[PDB]
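Add chains K, J, Z, A, e, a, X, H and b with the ligands to chain N, keeping to what the hints say.
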Amino acid sequence: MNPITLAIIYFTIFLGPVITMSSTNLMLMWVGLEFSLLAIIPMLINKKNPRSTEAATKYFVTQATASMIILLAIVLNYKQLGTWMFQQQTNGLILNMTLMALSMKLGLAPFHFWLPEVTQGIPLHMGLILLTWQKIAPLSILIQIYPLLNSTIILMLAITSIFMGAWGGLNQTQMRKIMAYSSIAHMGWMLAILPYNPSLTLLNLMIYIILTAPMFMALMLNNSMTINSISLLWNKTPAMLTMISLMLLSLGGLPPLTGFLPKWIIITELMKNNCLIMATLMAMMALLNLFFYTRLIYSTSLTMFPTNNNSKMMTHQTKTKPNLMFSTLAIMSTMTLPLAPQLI
Amino acid sequence: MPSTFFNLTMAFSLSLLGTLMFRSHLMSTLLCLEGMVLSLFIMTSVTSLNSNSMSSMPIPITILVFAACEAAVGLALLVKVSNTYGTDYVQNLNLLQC
Amino acid sequence: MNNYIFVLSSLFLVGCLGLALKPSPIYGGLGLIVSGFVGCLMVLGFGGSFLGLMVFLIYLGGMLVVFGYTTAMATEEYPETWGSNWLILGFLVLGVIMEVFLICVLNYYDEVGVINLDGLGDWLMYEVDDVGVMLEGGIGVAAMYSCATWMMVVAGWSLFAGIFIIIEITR
Amino acid sequence: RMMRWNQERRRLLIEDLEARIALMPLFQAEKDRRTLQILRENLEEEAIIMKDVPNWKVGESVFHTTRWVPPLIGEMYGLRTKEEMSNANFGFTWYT
Amino acid sequence: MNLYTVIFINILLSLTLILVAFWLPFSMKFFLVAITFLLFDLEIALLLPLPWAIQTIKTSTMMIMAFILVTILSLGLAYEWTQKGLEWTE
Amino acid sequence: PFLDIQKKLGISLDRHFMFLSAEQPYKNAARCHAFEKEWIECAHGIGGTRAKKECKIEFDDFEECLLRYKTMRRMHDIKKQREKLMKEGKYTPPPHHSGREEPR
Amino acid sequence: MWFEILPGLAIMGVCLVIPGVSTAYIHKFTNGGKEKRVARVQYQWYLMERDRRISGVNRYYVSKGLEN
Amino acid sequence: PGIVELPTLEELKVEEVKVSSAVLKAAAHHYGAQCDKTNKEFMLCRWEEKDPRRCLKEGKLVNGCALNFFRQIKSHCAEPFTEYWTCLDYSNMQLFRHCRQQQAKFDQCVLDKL
Amino acid sequence: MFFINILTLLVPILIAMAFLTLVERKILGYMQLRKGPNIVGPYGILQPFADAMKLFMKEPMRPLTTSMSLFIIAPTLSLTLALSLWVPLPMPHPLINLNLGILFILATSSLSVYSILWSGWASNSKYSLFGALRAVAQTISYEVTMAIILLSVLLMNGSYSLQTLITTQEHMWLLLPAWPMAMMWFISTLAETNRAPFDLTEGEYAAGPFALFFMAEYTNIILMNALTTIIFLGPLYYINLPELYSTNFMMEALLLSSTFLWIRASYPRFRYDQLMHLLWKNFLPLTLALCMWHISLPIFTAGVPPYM
Amino acid sequence: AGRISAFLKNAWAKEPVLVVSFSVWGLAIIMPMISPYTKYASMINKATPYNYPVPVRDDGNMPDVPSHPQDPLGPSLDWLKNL
Ligand SMILES: CCCCCCCCCCCCCCCCCC(=O)OC[C@H](COP(=O)(O)OCCN)OC(=O)CCCCCCCCCCCCCCCCC
Ligand SMILES: CCCCCCCCCCCCCCCCCC(=O)OC[C@H](COP(=O)(O)OCCN)OC(=O)CCCCCCCCCCCCCCCCC
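Sequences listed follow chains N, K, J, Z, A, e, a, X, H and b, in order.
FYI, the entry's author numbering numbers position 317 of the first sequence as 317, with every residue one higher than the one before it.
FYI, the entry's author numbering numbers position 48 of the second sequence as 48, with every residue one higher than the one before it.
FYI, the entry's author numbering numbers position 1 of the third sequence as 1, with every residue one higher than the one before it.
Take the position in the fourth sequence, starting the count at 1, then add 47; the result is the number in the entry's author numbering.
Taking the entry's author numbering, I'd label the letters of the fifth sequence as residues 1 to 25, 51 to 115.
FYI, the entry's author numbering numbers position 13 of the sixth sequence as 13, with every residue one higher than the one before it.
FYI, the entry's author numbering numbers position 44 of the seventh sequence as 44, with every residue one higher than the one before it.
FYI, the entry's author numbering numbers position 76 of the eighth sequence as 76, with every residue one higher than the one before it.
Taking the entry's author numbering, I'd label the letters of the ninth sequence as residues 1 to 203, 214 to 318.
FYI, the entry's author numbering numbers position 33 of the tenth sequence as 33, with every residue one higher than the one before it.
Don't read these hints as lab results, they were simulated from the structure.
Worth double-checking, as some hints may not be accurate.
DMTMM-like cross-link-like pairs, simulated, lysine to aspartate or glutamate; straight-line CA separation at most 20 Å [claimed, not checked]: (1) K37(X) <-> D71(b); (2) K27(e) <-> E127(J); (3) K78(Z) <-> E16(X); (4) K50(X) <-> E99(J); (5) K81(b) <-> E55(Z); (6) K58(H) <-> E112(A); (7) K78(Z) <-> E58(X); (8) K64(a) <-> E16(X); (9) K37(e) <-> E49(X).
To give a feel for the contact side, a few chain H residues facing chain Z, derived at Cβ under 8 Å [said to hold, decoys possible]: (10) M156; (11) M172; (12) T257; (13) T311; (14) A312; (15) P315; (16) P316; (17) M318.
The beta-carbon is built from N, C-alpha and C at its ideal position, and this holds for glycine as well.
Chain N extracted, bound-state conformation:
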C-alpha cells in the first residue's frame, strides 16, 4: 500500500463520521456510514489470508443490511412527512427499525455475534479503529433522536449486552475477543443511559476510548494476541505492568479509578428516573468483567509464568515503540477521578 492509497482510504475513514455528525440530512448520514464501511474493508483484508477475508465478508454483509434498513426508515419518514429528518410524529416502528439497525452497526446484543469473530480475524491497529472510531457516527445519529426513542427496547438491548459481554469475556482466552466483549458491555451502558442523558453516553464513550487505545498499543508492543503471550511481558517489557493493571481495573470500574465514574453517575441518573432494578442488575453483572480482568492482571503483573529462552535475545535487542500517547492516555484514564465534576 502506497502513500496515495493510504491517504485516500484514511481520509475517507475520517470523513465518514464527520459528515454523519455535521449533516442534518439523514441521506448524508447514511452516506457517511457507507464511506466508513467502504474504506474500512481494505484495511481489514490487507493481510490477504482466509481469516481476514472471512472477517471482511461478515462485516460487509452485516453493515450493508443495517444500512439498507436505516435507509428504509428514512424513506418511510419521507413518505410520511415530506421532510428528511425524524420529528415527534414518526411511526415508532420506523424508529425501532432504525434502532435495530444502529445496534447491529455498533455490535450490541443480540446483534453482536459478528464482532468477536471479525476482531479476531483482524489485526490490532484495525480493532482499535473498529472499536473506537467506528462507534461515533452511529451513536451520533442516536444522540440526535434521543427524545423520541423506546426505553423498553433500549434497556433490554443494554442489559442483554452487559450479560453477554460478561459471559463471553469469562471464557475467551484471546485479547481481541476480550476487547470485543468489553466494547459490547460499555456500549450497553451507553445505550442504557442514552434516552435520559446523552452527555453521559459521550462521557463513557471518551472514557472507554482513552482506556482502549492504550491497551491495544500495549498489546501491539509485542503483538501479544494471547494470555500466555502477554504473560511473558514481565521478561519482555516489565515497565508496562504498573499501567496495564491499573487500566484493566479502571475498565472493570473500580471505585478509585476514572472508569468508575461512568457507572456511578449513570446509576445516579437511572435512580433519579426510577430504573433502580436495571441499574442493580447491571452493577452486579459488571463484576464478571472485573473478574476476567483480574484474571489477566494476575497472569501479567502479580505472578510470573514460565518464560522462554530466546526472550534473552529479545532482551538483548532495544525498542522505540511506545510513543508519548501511551503514557498520556493511561495517566488521564487512571488518575482523573478528582476532576469528575468537570468531566460531568
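Structure of chains K, J, Z, A, e, a, X, H and b with the ligands alone, referenced to chain N:
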C-alpha cells in the same frame, strides 16, 4: 400510491428475509441486497414525483451510486472467497470460532 | 388500465419473492432484471422519464451485467439445484396464493385504508401543472450542478476512492 | 456557425414563451371556471346520492383551514368515467 | 399503448421465427474491467443531466463541478494505469 | 445536528432542500407548500414538546393534504352508496358522469 | 462489373425510403392533412385537449377559427 | 369540519371563445399589448387572493375583452389572419419560423387598418 | 393505421438486411477481383431467400448440455432489441416521438450483453465462456464512449430528442464540429457490433438461432449507420419534403453501411489486448478532453442551446 | 527551456494523443476567462421567461417599473438581437 407502496414494502421485506435466510450461496444474498436497493430507489422516486418536490431528485442518484460501490466491494470479496476455497459457499467460512 | 400500476407492483413483488427464494445466482439475475424493468415501467407511469431510463441504462446495463459476469466467471452450477429449483417454484406458487389471501383480508379490514381497491385507478396522480413547462425530472437531477453540489462532490468522491479500494482489495 | 444559430434559436424560444405569457390569463380563468363547475356538479349529485345516510354533511371539508384547497383529479373525475380518469393520469405520458 | 403494441409485435415475430425453426422439418482482469465500467457508468449517470444544467444561471458553478468530475475521473484512470490495471500480460 | 459546524461557518450544504416548502428550481410549487409553511412558522421558537400539542391543527392539515386518507374514505363511502343505489334501482347517473356533455 | 451491385443497393434504398414517407403520409391522413402534434411538456397537451374539447367531434385537429 | 363554499351554475357561465390554439397564438403578440390591463388585474387577483372563486368578476372581463379583440380582427383584416393561422396549424410545434411572410402581411394589414 | 405503419417499418428493414448480405458479398468479391453471386436469380437477388429457406429447413442439433430457456430467449431478445431500436428514428417524422430517445437507444443497445453472455453460459464448456466473457468486456468497454460522445454532442442541441437534430443541422452538419467525436463514434459502432476489425467473437448455434443472430447483427449495422447520418450528417429538411429528407438519409446510410464492408475487406483483425488498449488509452482521454471542451464551448460562446 | 522543449517534442512524437488531451483540458479551463461572450450566457438564461411575470400594485412610489409591456421604463434586451 397506497397499494404500490404496500407492495414495494412487502418486496423489501421479502428481500431482507432472503438476506437473513442463507441458502448456501452468497450471490443469492448480494442479489437480495440489490433488490432492496431497487425497491428503495423506486419508493423514493415515486414519493418525489407524487409530491412534485424537484428538490429531492438527486437522492435516488446518490443512493444508486453508493449501492453500486457497495455491490462492487461485495463482489470483490466474493471473488477472493472463491479464489481461495473454490466455491461461494458459506459453510467454508467456519473459521474464527476459536 | 386502472389495474396497470397494481399489476406492475405485483410483478415486482413476485420478482423479489423469486429473489428471497434462491434458485441460483443466474435465475436470480434474471429475476432482478425483470423486477428492474417493472420498476422503470412504474416510475414512468408516475412520470419519472429520466429516472426510469437511467435505471434502464445504469442498473441493468451496468450493475446486473457485472453481476452475471462475476457470477459466470466465479461460480459453478451444481446438479442438486434442479430438484430444489422445482421445489422452490412450488414454494413461489404457494407464496403468491398466500399474498392474494393477505390482500383480500386487508381489503376486508381496511376499505379506504391499506388499499382502496374501489379507488385503484385513482390516487395515482394527485396534482399537476396543466399549463406548466419546466417540471420534468431532469430539472431536478440537474440541480446538483447549481444547488446541492454537495451531493455531487460526495458521489464523485465515492466513485474516485472506489478505484483505490478495489485495486487494494483484489491485489 | 453553431453559436450564431443557437442564439437565433434562443430568440425564437423567447418569442414562443412570450406568446404563452400573453395567453395564460385566458387559460387560467377558463380552467378555474371548468374545475369549479366540475365540483359543483359533483356536489349537486352527492346531495341526493347521500340523502338517506345518517350524519352526512353534504360538502364537508376535511380541513380546519377555511381557505381554498386545490382538488385532486381523483376528487374531480371520481364520479365521472374511467376513460376520463385514465386520460387524466396516463394521458400525457402515453405519446399524444 | 403504441410502444406496448410495437414491442409485443416484435416479441411475437421473434418467437414465431424461432418456432418455425423447429417445426418446419479465473482471471481477475475481466473482473477489474467490469469494475472500471461500473465506475464510469455511474459517472455517465452523474454527467447526463448537463443539457438541463447548462440552462441555469450558475454557469460559473456548473463549469466548476463538471470540470471537477472529469478531472478526478481522469486522475483515477491515470492511477489505474500506472498501477498496471490495463495491461493483460498475466 | 450533532456538530453545528455548518451554522458556525454560516453556510448551507444540506439544510436548504429538506422539506417541501423550500426553494424549487423554477419556482415550481410543491403540493403541501402552504400547510407545511404554516406548521413550521407556527412551531418556530417553541420547539418540540410544545409544537406537538399546540401546533397540532396545522400538522393535521399537512398530514391530510399529503396522505389524503380522509378524502379517500369520503369518496369511497360516496361510491359505495351510489353503487348500492344503482344496484337496487333508486338512482341513475347524469349525462356528464355517464360520458357525454358539452365541454369547454 | 461494379454496376451489378445496384440491383441490391437500390432494393435496400427503396426499403429504407418507404418507412419515412409512409409514416409522413399516414400522419397527414390520420391528423387532418396536418403533422402529428407533439407534446414535449404539459402546455402543449393542454392546448391539444382544449382544441379537442372545442371541436365538438372529439378530435384535436378539427380547427374551428373565427366562424365559431 | 366546515362546509365548503362554491358558486352556483347560473354564474361562471359566459360566452367562451371556442377559438383554437393556432389562432390564439397568431393573435397573442397583439393580444398581449391590447387587452393587457384587464389581464394583469386578473393575474394579480388570482395571486393575491389565492382562491379562484374570488376572481370570476375578472375572468368574465378577460373573456369579453378577448372577444372584442377577435371581433375587431374579423371586422377588419380577416383574410391575412386566416391564412397566417392556417399556415401555423400545419406544423406540430406551431412554429413562427416558417410563416414569416404571412405574418408580415397580417402585421402590415393591421398596422394600416388599425 | 398504426399497425399498417408498423408493417411498413418492419418489413422493409428486414428486406434491407437480407439484401445487405448480398451487397456485402458482391462488394467483397469485386474488391477481391471476382463477381460474387450471379446465378440463383438475376444478379443474385434470390440468394438471401435461398439461404433463409436452407437454414430454416435444416435440423437443429441442440446441444444436450444446455438450457432451452436461455437457448430460445437469447436470439429472441437480440432481434426484439434490434427491431425496437428502429422505432424512435426520425425519418423525418418518427413512428414513436420520444424525448430521451437517444437514451432509449443506449439502453436497448446495452441490453444485448445479456444474450451474448447467456448463450455462452448455456453452452456447457469453457472455451465458449472465455469467448463470451471477452466479447462482453469489449462491448461494455466501447459502450462508455458510445455514451460520452453523445453526452458531449447533445450540448449543441439542448435536448435528448432526435427530432431536434434536424433543426440543429438545418444549416450545417454536426460533422465539421465534432469530427474528432465522430471518428471515435464511427468505430465504437464496429466494436459494438463485433464488426471487423473487431470480430474477435466470430473469428455454435442451430439454423434458426444463427439466422436470428445474423438478422440482429445486420439490422444493428444499418441502424448505427442511420444514427451516424442523423446526428453527424444532418440531411435536408424542407417542411414540405419529408420525401427529400428520407432520400438523403437513405443515401447516406447506404454510404456508411458500404463503408463498413469496405473496411472489412481492407484491414486485418485486432488482438483483444490491443483492442482494449485502444479504447482505454486513446479514446477515453480524448473523449473526456473533448467533453470538457464542449461543456466550455457553449459558455465562452453565447451559443448555449434551448430547451423547448 | 531547451530541456523541457525537447521533452515536449519527444511527447509530440511518441504520444500525440496525451498531448492533445491535456491541451484541450487546458483550453477548456482557460478560454472561459479570456472570452468576452461568457457573461451573455447567464444574461440570456436569466432573460428566458419560463414563468409568468406576476405584476405588482401601483402604490404610487414606483417610477422605474412600467404599466404596459410597451414602455421604455423597464429592461430591454436589444443586445440579444445585436448579438
Ligand atoms: C494515595 C491514595 C491511594 C489511591 C489508591 C492507590 C491504588 C494502589 C496503587 C497501585 C500501584 C501499583 C499497581 C500495579 C502493580 C505493579 C506491579 C509491579 O510493577 O511489580 C512487578 C514488577 C517486578 O518486576 P521483577 O521482574 O520481578 O523485578 C524487578 C524489575 N523491575 O515491577 C516492575 O517490574 C515495574 C517496572 C520496573 C521499572 C523500573 C522501576 C521503576 C519504578 C516502577 C514502578 C513504579 C510504581 C509506583 C508505585 C506508586 C504506588 C502509589
Ligand atoms: C420471452 C422473450 C423475452 C424478451 C423480451 C425483451 C423485451 C425488451 C424490449 C426492449 C425494452 C424496451 C424498453 C421500453 C422503455 C420505454 C421507455 C420510454 O421512453 O417510454 C416512455 C413513454 C414516453 O414518455 P417520454 O418519452 O418521457 O415523454 C412522453 C411525453 N410526450 O411513456 C411510457 O411510459 C409509455 C408506456 C411504457 C411502455 C413500455 C413498454 C415496453 C415494452 C414492454 C415489454 C414487455 C415484455 C414482456 C414482459 C417483460 C418481462 C417481465
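**Item:** Violations among the numbered hints
**Value:** 4, 6, 12
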